[PDB]
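Here you get one chain, nothing else, as structure tokens; it is the form deposited in one PDB entry.
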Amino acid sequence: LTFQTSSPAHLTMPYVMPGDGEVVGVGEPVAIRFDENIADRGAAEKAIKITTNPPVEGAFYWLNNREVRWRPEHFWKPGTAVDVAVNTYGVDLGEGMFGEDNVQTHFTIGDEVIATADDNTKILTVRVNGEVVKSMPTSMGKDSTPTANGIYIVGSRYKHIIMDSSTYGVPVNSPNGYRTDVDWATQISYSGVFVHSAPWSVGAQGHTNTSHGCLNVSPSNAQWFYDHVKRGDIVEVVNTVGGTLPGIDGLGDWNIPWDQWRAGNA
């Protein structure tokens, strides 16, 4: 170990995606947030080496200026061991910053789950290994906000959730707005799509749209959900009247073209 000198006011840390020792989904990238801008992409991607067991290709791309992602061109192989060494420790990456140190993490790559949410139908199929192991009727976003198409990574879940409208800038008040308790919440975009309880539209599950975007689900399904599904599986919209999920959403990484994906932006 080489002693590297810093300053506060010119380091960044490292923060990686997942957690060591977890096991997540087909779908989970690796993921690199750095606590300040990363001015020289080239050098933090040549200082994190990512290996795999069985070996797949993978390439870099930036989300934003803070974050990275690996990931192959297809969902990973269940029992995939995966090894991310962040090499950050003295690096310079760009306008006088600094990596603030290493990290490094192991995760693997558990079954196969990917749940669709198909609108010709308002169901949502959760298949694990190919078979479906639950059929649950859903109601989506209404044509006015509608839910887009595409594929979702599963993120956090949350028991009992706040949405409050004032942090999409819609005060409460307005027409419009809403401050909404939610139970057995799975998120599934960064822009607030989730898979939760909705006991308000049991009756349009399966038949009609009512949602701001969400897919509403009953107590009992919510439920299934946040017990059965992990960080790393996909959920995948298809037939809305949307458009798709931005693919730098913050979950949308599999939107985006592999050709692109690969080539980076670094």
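Residue numbers count along the first chain shown, from 1. Whichever C-alpha set is largest while still superposing within 1.5 Å between the two forms counts as the rigid core. What changes on going to the form deposited in another entry:
Checking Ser174, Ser156, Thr145, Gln104 for C-alpha shifts of 2 Å or more between these two forms, after the rigid core is superposed, gives a single hit: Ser174.
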Contents of the next structure:
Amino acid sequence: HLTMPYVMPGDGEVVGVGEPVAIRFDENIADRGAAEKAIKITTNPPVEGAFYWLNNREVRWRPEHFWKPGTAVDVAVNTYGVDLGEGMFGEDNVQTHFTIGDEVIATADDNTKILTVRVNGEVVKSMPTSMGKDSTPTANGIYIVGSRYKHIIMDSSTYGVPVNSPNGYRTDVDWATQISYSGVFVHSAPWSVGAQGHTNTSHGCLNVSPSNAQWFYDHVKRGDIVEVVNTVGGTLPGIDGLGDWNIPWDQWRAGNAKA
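Alongside the form deposited in one PDB entry that was just displayed, please also present the structure of the form deposited in another entry.
Here you get just the chain by itself.
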């Protein structure tokens, strides 16, 4: 009846302007309020933020707007010996200090079929893209950048979907940057360079050229932002794991501690 917290980002990391503080427990938290009260976040420059639970084990904290570049963040998870409900006690404290890096926002516009990368407001790259075909479109919304992979075998069975079934797929890809836990990536697609900038051909991922995908892998980092606009899709779920910013601030701030 002990639970161990884990905090991200890790100590000393530099992350993009979309990165939430994440506190992950290894057991379901019965009294969410008790956990929230044990977690104090210091910011410099100071900014308001709030907690919102992504699931029963993980709470996120973020501001109303993307973080200001250069902000220094200290997280004190003072859970040692704290009663988290149903006789479950925190096993340890954890702490972290991290910093917000440059503002990096990449916008994929389905009306132009270009993915434009802006760093502190300035265009540094314009990449033709091919996104989800109309039957399997890319959702609009705000995506937080996660992990990156030099090579990945994308296999829909990872997500419980058989490869030889309607929503299945299996594709070996290079230079993949993850933008959702549901399996959306920016990646290399040499076979669709003709279509990039013209027609959508994918299952939902953002296909770009090999040199552009490698550039993206090299220069876009965890916590940077991808915004998709003007597609025929829906909106990325707020509780994806990297979809936090699709929950409006009024709802996020109200929280879900009594749920």
